[PDB]
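Below sits a lone chain in structure tokens, taken as the form solved without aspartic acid.
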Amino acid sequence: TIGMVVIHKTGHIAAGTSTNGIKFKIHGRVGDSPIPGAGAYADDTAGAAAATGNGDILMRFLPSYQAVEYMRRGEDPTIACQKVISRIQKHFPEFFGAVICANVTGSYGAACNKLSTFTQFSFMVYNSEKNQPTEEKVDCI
């Protein structure tokens, strides 16, 4: 899955995803990617977020909408993103998931649930300061 958040220079935000799902999914299965608020969410008044991981689970917690909701109240992108991971973590401690957050001014962050097999999450960034697609990285909590 690929989740992407883009903030135009004007301040207009857009978000999106594309995926082929999970291997050997039951015929007709649809994950979180095409679901607004789960796979991705964008609002010019707050910010945008995109999620990736086990959509069967993420879908039930609407991670992208909640991340944007936190940012709506002034929360820092990384914090809004970690808080989202923490709530799911309370229900499914072994869930595979990563979320990227960005507020209306251009600040970004990310978070992922730490598994023995998943300890760090990389994501690409590109803005004015960085004149090259910069691969960021975060340790899972």
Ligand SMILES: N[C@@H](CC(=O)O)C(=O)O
The other form holds:
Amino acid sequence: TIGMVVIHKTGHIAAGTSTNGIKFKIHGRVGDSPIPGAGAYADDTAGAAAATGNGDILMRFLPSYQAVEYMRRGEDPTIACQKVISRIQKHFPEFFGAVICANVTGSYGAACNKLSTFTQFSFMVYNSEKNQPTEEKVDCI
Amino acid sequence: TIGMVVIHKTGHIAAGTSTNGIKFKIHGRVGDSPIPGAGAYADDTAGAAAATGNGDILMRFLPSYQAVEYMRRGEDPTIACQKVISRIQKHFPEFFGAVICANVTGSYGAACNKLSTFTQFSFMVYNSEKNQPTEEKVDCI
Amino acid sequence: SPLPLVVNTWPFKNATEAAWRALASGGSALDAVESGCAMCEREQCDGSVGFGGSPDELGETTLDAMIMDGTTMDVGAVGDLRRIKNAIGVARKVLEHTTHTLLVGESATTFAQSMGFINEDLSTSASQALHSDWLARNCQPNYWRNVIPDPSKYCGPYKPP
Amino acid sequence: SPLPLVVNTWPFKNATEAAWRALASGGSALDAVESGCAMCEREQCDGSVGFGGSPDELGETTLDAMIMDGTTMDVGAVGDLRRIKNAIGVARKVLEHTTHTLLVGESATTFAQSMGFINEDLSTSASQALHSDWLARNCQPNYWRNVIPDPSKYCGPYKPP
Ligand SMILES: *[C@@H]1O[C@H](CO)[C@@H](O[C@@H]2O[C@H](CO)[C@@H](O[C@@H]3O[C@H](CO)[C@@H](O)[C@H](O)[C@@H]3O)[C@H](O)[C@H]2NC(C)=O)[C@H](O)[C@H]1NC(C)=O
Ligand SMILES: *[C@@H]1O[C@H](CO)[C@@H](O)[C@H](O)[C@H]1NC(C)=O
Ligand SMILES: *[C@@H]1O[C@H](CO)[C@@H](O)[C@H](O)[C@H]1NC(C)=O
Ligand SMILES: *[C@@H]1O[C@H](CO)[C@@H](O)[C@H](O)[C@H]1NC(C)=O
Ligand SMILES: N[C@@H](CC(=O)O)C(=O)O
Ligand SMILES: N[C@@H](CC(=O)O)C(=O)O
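Go ahead and give the structure of the form deposited with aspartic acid bound, now that the form solved without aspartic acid is out.
After this comes the whole thing, all chains and molecules, with the earlier chain placed first.
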């Protein structure tokens, strides 16, 4: 899955995803990806977020909607994302999942669940700051 | 659509909906009803909520989820449901939508956007005190 | 304050009580939510639940339905269920028999069939009568925009401008 | 903190590149997000995006995609999009030519053909084989539960005991 967040020069935000799903899914299965509030969410008055991972589990907690909801409440993009991972985490300690967060002013961040086989989440950031995209990695929690 | 919320005596909660969509929808259209968090959402640590109305607008605001998040603060059901309707109301002054809320103790409530063709919402209720299913009603805001 | 509790949208009494009876026999909340909702499927509550109503542009009836286990927070959902009546019935089956949340379309029909659900046309003369008058009203209303021929005046098939 | 800003999941440099180029050309967030994801569909980023990857139980690949405008807060989405490679392209259409939000399955394919999308096979000898290796391993892993034969050991057809 590719989850993307974009804030136009004029301050407009958009979020989107495109995926082929999880391997060997039951014929007809739709995950969290095309679901507003689950796979991605965008709000010009708050921010945007996008999740990736075990959609079956993810979908049921609306990660992107809650990441934006916290940033709307006025929270650091990273802290909004980490809180979202912590809430699902409490319910599924071994769930595979990662989220990217970004507020209306251009600050961003991410968070992920710490598993034996996934301790870092790499995500691409392209910004005026560095006219060139640069991969970033956040340690999982 | 029939949005239904149930709280067993043990204190365990359930929620659900069933519908046939909106008349003359494009072949293959799916709305808020089957989407967890939008058409209905239930959590044993806070409460539940179901929604009915125009699924195309509602689905983007995850009414059932947000109603539950308010109640998760201890917000009164009528108010959590009322606040939700208002968030949507800002963006689409003419939206058709109604939601029923109930917290973990058995307190219920409901709310609806006031349109000149939708001014009051009737919902059924069933609990000990009354026994006999009682038809409630709320004036739209 | 007084438990148990049942709350449904719209004045569907027969459903409310079908749910209470479920609780009466010491059924689970989930059991109660399936019985109440499914009851409106048979009754086609206000023609907004169940078969024989709300036909899409092609005249077919497609059902959406979900059920959520508040304890584990597990979901059973169907979107675009074709040729299967007990929509929420199929939804409990996704909760109970797969680690998934949502299955859709003719694919969800094949799953439903394995679960023992009877494949059958969801159309009635009434559902079609509604479809024909619509065609006669130039498919008004409809949900298209920015397509030729004008969506507000003509029926499709439409093409992007 | 300075704009514009493009952030995406995974080290998918090319998608990031594709989206940024949209904005440079005067494109909008929507065009930027569509370019980013459409790029990962052609490249099949990790085989977790686009065609020829993650085949279901019947060996078919089905795509899920969505686009969301934060200004109007409108959404265009597709689920179980069958036989169409540019998923995010079709989702953008549901957003601009319909008042709906989600279109799924083989019904969504029709829509995409109406919009001008080439109806084609999403299978590839790679995914075709990825599925046979899967079947030879007795369908492991799968997402069933509470059925027979035991999902932890055998292939389907499954059924409730
Ligand atoms: C988007 O997220 C960023 C990062 O969380 C927010 O930026 C931070 O903004 C705060 C509030 O302006 C700044 O801290 C304040 O620092 C001043 C120093 O003069 C002090 O007076 C206050 O007591 C507090 O410490 C902080 O420096 C700044 N951090 C960064 C990294 O930029 C931003 O406000 C968020 N935007 C929105 C619209 O929510
Ligand atoms: C349920 O609603 C009433 C009214 O708001 C409130 O007093 C009660 O404490 C609520 N339940 C919980 C668990 O907060
Ligand atoms: C249940 O409700 C329907 C809906 O109008 C009504 O026609 C029917 O008589 C009721 N059935 C029973 C057993 O009361
Ligand atoms: C991105 O760059 C190349 C350039 O065409 C492309 O083949 C591939 O998708 C990506 N390459 C690598 C090494 O990630
Ligand atoms: N979210 C995808 C999986 C992923 O992000 O890789 C799905 O479950 O459909
Ligand atoms: N929410 C349903 C319609 C309704 O509940 O009235 C739908 O749009 O699918």
